[PDB]
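This document starts with one chain, in the form solved without its partner chain, laid out as structure tokens.
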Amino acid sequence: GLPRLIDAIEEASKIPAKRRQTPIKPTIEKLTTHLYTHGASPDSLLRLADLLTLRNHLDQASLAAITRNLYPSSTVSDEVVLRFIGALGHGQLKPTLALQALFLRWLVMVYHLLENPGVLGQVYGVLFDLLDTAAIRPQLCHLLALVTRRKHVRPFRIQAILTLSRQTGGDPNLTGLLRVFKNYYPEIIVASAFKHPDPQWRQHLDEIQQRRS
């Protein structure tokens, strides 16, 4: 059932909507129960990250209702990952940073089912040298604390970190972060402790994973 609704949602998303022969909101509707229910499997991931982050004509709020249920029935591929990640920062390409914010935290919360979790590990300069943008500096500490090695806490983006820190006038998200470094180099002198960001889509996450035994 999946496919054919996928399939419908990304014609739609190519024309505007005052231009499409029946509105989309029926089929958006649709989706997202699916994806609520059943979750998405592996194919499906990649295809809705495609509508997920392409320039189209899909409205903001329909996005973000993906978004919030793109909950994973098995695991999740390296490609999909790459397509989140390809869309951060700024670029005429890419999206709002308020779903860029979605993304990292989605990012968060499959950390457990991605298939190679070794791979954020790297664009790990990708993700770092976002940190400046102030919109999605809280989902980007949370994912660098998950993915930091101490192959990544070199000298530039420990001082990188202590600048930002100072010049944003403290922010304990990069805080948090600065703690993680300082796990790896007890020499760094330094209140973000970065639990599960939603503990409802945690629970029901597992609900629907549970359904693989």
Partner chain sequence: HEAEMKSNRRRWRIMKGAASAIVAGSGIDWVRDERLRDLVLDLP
Given for the second form:
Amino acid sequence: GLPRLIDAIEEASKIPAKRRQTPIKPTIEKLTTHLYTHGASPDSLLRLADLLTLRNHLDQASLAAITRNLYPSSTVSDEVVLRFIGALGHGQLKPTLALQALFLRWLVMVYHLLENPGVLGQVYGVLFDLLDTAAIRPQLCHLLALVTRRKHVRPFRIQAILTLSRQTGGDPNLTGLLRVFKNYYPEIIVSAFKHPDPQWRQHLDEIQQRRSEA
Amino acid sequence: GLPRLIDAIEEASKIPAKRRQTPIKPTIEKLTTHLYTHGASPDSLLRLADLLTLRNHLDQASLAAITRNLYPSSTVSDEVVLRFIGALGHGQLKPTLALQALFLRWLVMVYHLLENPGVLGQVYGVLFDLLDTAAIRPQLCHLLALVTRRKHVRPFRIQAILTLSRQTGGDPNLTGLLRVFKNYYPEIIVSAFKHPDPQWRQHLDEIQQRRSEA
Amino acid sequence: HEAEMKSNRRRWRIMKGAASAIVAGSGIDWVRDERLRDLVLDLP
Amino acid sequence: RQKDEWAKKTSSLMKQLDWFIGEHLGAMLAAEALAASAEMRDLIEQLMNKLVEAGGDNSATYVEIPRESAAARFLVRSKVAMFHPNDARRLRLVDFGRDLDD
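Same protein, different form: I have the form solved without its partner chain, so give me the form deposited with its partner chain bound.
Shown next: the complete complex, the earlier chain at its head.
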């Protein structure tokens, strides 16, 4: 039932809203409802990420609705993760900063479901160089705090984060990340990030429990 | 503080119980309480798996109590999985079938936490060859149901499952595994596996939720 | 004796750091081209 | 030793970067393309060659740059290079290679 809905959203995604022979809001709500009930397979996730990440004619409300109901069934692939990472920052190919904050929030909430959590370590510099962008900084810091390992705490990133902390007048999300840095190198001069939506976490857990059934 | 508890339990596990100078059970109860509260990191899991699978002088009640409290924090490594796999079946060094049944129950309950779930596919024969052992058959069937892929459904395995199903009379755990074999192939003669302990599952989930915080 | 090893190994660290930030800074979709993705991704 | 693999990886990577600069970046810098690619690669080569030449002396790692060089602007905006605070005609790389436990 779900791949038929994505096939429709994909087609409507290709043509402007007023040229659509049907309003899409009814079909976006069917997809939203199916995702809330069943989750999104690995393959459906990948198609949804393309729809959320490439420039198309979908409206912001519909994209945010999809993002907020993107509960994975089973795992989360590198293909999906990297697409959201490549969406981040400024550029004519990239989505709005508001959706970017939602994608970053999402990655924190599904971090435990990545097939290859190390892939975020391989793009650590892409995430880190974006800390200047205030509109996504809180979500960036939380994700970076989960991704940071000792190999990433390099002197130039220590200095960059200290300068950014001083120039913003002390962002508490920046000092939370610096705390993680200090755990690897206590030599450094001195919010413990909580889950951003407990009810979403609880709903994901319910969906995920079906993986034990057979 | 969990390293020191395991150190002491390892030491006492090599001393026959009548020759100990102090009971080990109060320390096992401290271990069990710590596991319930914080879970077991990957490195602690390996040490506990060694305690549970190598021949020692710990009593069956103490081994079961650790197994029932073996909540992983984060992931389950291949080496941990393979320690348990290598303990299954009949052999001078292997644990009791009753403990083996709890090991297989555990593998089912932590299947979604394996770093590399494919590892169980590489030892498929080991699992499937144990099906005639009634004392672990219900737990084997559930794990087999989760792990079997199309490559594993060879003609000789279909026949052995039907031979075993005939020879036991009705066995709904065999019927359930044959149902799984019948998605991959259409052609041969025609109990959904629920999670064995929802309370354990719920408690594991709450411990796992800490991975989203930094 | 061994200062040569990490000198070569460091020389890769500088190229990978600069190559990754250059491709990720260009604005190009580096995710959906294998060549560009290899340029950006650090080693495991 | 494992040393020529860190040399094989770096000669391979250096060719991939030069391909990217020629095929994609130089065109973007125009908005001729060939001229932009040659000056961005010269500048990156000069930048990297020096960073190591200092080793410890962080102060010596600045190259002279033309007043309005778009290459430097792009490298500074991409966070791969930094101007000198006192004057913006010298320019250093960010020192990705330096590590505390290298």
